[PDB]
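Enquirer: For reference, the chains in residue letters:
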Amino acid sequence: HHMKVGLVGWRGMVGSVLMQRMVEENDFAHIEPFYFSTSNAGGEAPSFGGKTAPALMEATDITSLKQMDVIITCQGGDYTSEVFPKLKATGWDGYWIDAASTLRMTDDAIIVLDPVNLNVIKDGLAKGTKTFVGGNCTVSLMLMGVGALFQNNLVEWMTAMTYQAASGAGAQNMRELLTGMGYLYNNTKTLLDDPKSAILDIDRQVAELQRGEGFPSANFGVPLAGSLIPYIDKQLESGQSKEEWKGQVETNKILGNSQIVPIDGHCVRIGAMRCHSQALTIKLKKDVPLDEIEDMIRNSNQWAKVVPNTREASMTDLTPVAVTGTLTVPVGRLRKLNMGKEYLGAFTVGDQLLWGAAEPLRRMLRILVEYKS
Amino acid sequence: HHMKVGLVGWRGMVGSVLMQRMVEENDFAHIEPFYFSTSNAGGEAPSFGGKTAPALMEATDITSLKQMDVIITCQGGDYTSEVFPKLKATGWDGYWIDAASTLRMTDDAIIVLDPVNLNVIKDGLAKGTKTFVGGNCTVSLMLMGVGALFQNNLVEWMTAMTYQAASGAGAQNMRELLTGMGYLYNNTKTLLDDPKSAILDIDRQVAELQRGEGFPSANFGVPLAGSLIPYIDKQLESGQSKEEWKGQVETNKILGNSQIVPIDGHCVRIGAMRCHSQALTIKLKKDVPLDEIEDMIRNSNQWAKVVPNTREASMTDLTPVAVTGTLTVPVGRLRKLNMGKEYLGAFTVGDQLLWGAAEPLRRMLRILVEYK
Ligand SMILES: NC(=O)c1ccc[n+]([C@@H]2O[C@H](COP(=O)([O-])OP(=O)(O)OC[C@H]3O[C@@H](n4cnc5c(N)ncnc54)[C@H](OP(=O)(O)O)[C@@H]3O)[C@@H](O)[C@H]2O)c1
Ligand SMILES: NC(=O)c1ccc[n+]([C@@H]2O[C@H](COP(=O)([O-])OP(=O)(O)OC[C@H]3O[C@@H](n4cnc5c(N)ncnc54)[C@H](OP(=O)(O)O)[C@@H]3O)[C@@H](O)[C@H]2O)c1
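Each protein sequence line maps, in turn, to chains A and B. One point on numbering: in the working numbering, the residue at position 82 of the first sequence is 223, and numbering is uninterrupted. One point on numbering: in the working numbering, the residue at position 303 of the second sequence is 307, and numbering is uninterrupted.
Honestly, I wouldn't trust all of these hints.
[To be verified] Partial pick of chain A residues on the chain B-facing surface, computed with a CB cut under 10 Å: (1) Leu-318; (2) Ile-340; (3) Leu-475.
[What the hints assert, rightly or not] Okay, derived cross-link-like pairs now, PhoX-like style, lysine-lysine, Cα gap no bigger than 20 Å in a straight line: (4) A/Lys-424 to B/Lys-345; (5) A/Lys-330 to B/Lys-193; (6) B/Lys-257 to B/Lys-134; (7) A/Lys-375 to B/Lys-340; (8) A/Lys-477 to B/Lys-238.
Everything labelled a hint here was simulated from the structure, so no lab data went into it. Note that the Cβ used here is the ideal one computed from N, Cα and C, for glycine as well.
Could you build all of it, start to finish, from the sequences and the hints given here?
Expert: Structure follows, in structure tokens:
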């Protein structure tokens with residue numbers, strides 16, 4: 142018996158990464174897929190991975206959803222907020238796998254990142270937990286890299302200064318970033334094409350372009366191309382942004398910690414497509430040798446990598462260009478810092494759409510399939 | 005009388021910012037300027053500020069240099085290494101003001117950031133110091149923002165994760181960054197113009213372009229447009245980069261600390277033109293109320309500015325777009341961090357060519373004209 146799996150939000154950005162990865166892993170050999178839609182119910186459904194499906198079903202139709210053993214949705218928080226309470230109200234016994242943050246902090250939900258917390262997931266399955274949610278991209282990517290330090294309870298606290306890509310804000314924000322790159326270059330091309338032009342003239346024109354009415358910044362509100370934005374998501378009364386607030390609460394929930402490990406920092410948007418990078422100050426509980434720290438990271442999971450702390454390796458392997466569209470999570474610049482042997486610096490890069498979004502969800506689906514077979 | 009000032013490296017990027025600032029401040033009105041060249045000796049000299057000067061003099065000719073009361077050079081470390089020892093050996097009694105890092109860590113030299121260490125500069129001038137050197141751009145910009153915390157002896161240590169602009173590497177690096185932005189957009193433009201294009205197609209195309217032979221990365225070595233580079237300058241034995249190593253030694257020399265305050269972090273290059281930003285974890289020696297920390301920053305100098313910790317103000321005032329080409333050094337996101345009330349987070353942005361390069365040098369020159 143293959144589980145009946147309902148796919149919602151398969152068409153969007155996160156959903157399309159999920160579909161691609163499910164095809165790459167032949168995930169459809171092990172399930173019976175049913176495709177749902179909020180806009181095209183009745184239309185022809187995709188045939189990813191060589192499996193046909195009936196016509197698109199209404200994503201908001203509770204009776205249709207109750208037919209599934211598993212719902213995996215990349216549709217969004219507004220969808221989950223409407224549909225999830227109605228579906229659970231029917232007594233529906235199935236599993237809900239969600240990319241949206243809506244249910245992340247509810248008592249009945251487990252945040253999934255199985256290379257780090259498989260034990261939490263399996264303990265939850267045995268307890269009857271039915272709802273499984275991806276974590277925030279910044280937390281998931283950081284834990285894929287240095288989570289072994291937390292699992293071994295070596296971390297007293299951590300600050301994280303991030304370099305976040307436009308993909309976290311959405312497909313249209315990525316397109317805006319690229320369009321702004323073109324706006325800056327194409328309107329300074331006549332100066333740039335002349336070797337004898339003055340750099341200060343080129344620079345003056347770029348600043349005028351960034352500051353002018355013509356710059357395309359509808360989605361970010363301010364320019365990103367050629368700049369950065371040191372604020373992501375809503376303002377909290379504490380002065381934290383909501384993006385920054387997720388660090389401590391989601392990290393400690395993924396790990397199952399009862400004693401909270403403090404995590405804080407600044408989440409800053411930069412002009413990258415879909416890789417988040419993070420500069421970490423990690424206070425350790427003892428003077429752990431650097432080679433043992435590297436071994437713990439290397440051995441923690443398949444995807445974490447240690448980049449040797451050299452100029453050449455850092456430039457080639459520890460960048461968004463090295464990582465984008467891969468599942469690799471490099472950790473580099475690993476060094477004890479000047480203020481003491483217990484201060485560990487680390488710099489890590491991860492793809493936001495994979496480990497930061499779609500990949501923990503398809504891996505949770507395979508865990509379920511194996512669990513229920 | 006009006007001192008005779010020899011200007012070296014006035015033609016380069018830092019020199020050009022310096023000349024513009026001197027014209028803007030009418031600095032040439034109180035000096036007699038003389039222009040030197042490494043490539044165009046004998047040619048007609050510029051006339052910034054409406055002041056004429058004789059033909060361009062040879063920048064490596066010690067006999068010409070000795071006639072100057074001041075030498076202010078933006079030419080580079082290779083220049084300073086060659087010329088400065090030979091000039092001092094002749095007994096030259098003049099002042100040497102330098103953008104290059106060559107002399108920063110010599111005992112006889114003072115690192116100038118007068119809104120922070122004017123007292124160090126005045127004491128050195130009276131003690132006979134004749135060599136004054138601008139600090140590393142990251143250190144100077146950080147101190148212009150949060151230097152008052154150090155002057156009040158409140159900092160136990162600090163980590164600084166930086167977001168450094170292309171200007172720190174050079175004019176050609178800035179041009180390469182813009183050219184790469186155009187390369188990514190123009191070769192993805194057909195996809196971008198179609199609303200129905202799949203974002204994963206657009207994204208696959210950008211990554212291929214960044215990774216291919218056609219991407220222009222001759223100067224940085226790897227792409228910067230749409231990326232970052234977490235390594236700046238030479239690799240040290242400790243694993244620190246030379247850029248990162250500068251933080252602790254330069255900060256403590258600028259301040260005059262005999263007790264070194266530890267400073268460390270990661271220096272990272274991003275795709276900005278000429279503003280450096282820094283995300284700071286500051287461990288304080290005691291629990292200082294946040295509003296008093298703000299007042300320390302406001303009171304420290306007229307260019308530091310406290311940006312209220314709001315989404316709207318951070319987005320519009322605490323960015324390279326807000327700061328570029330100006331003398332403003334905003335400090336924002338000021339907040340006590342989750343690991344305790346002695347932990348202060350801060351985010352600052354500063355123009356790397358002004359306070360990070362040219363501005364401390366022209367202010368030091370005005371200090372000399374006022375002093376003598
Ligand atoms: N964006 C991220 O990087 C990211 C990361 C982690 C988690 N998440 C969460 O994942 C959820 C979805 O994010 P997303 O960025 O993937 O959303 P999205 O691209 O905006 O897609 C969401 C839905 O919008 C509809 N849609 C409208 N026009 C579309 C078009 N031209 N192409 C494709 N779909 C279109 C589709 O629904 P129909 O097919 O029913 O019409 C699609 O499933 C949100 O809860 C978000 O918070 C996002
Ligand atoms: N780059 C920075 O952002 C920065 C920041 C702080 C400190 N500094 C220091 O300042 C020094 C110079 O930096 P820079 O970036 O200003 O150097 P630069 O633009 O390369 O200029 C240095 C010299 O190169 C010569 N040159 C060759 N081709 C040139 C051209 N097309 N246009 C203009 N000059 C040209 C000029 O000397 P001639 O007139 O004699 O031919 C010029 O004065 C170095 O010591 C550097 O470490 C730089």
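Enquirer: Starting from the hint list further up, note which numbers the structure goes against and sort them upward.
Expert: Failing hints: none at all.
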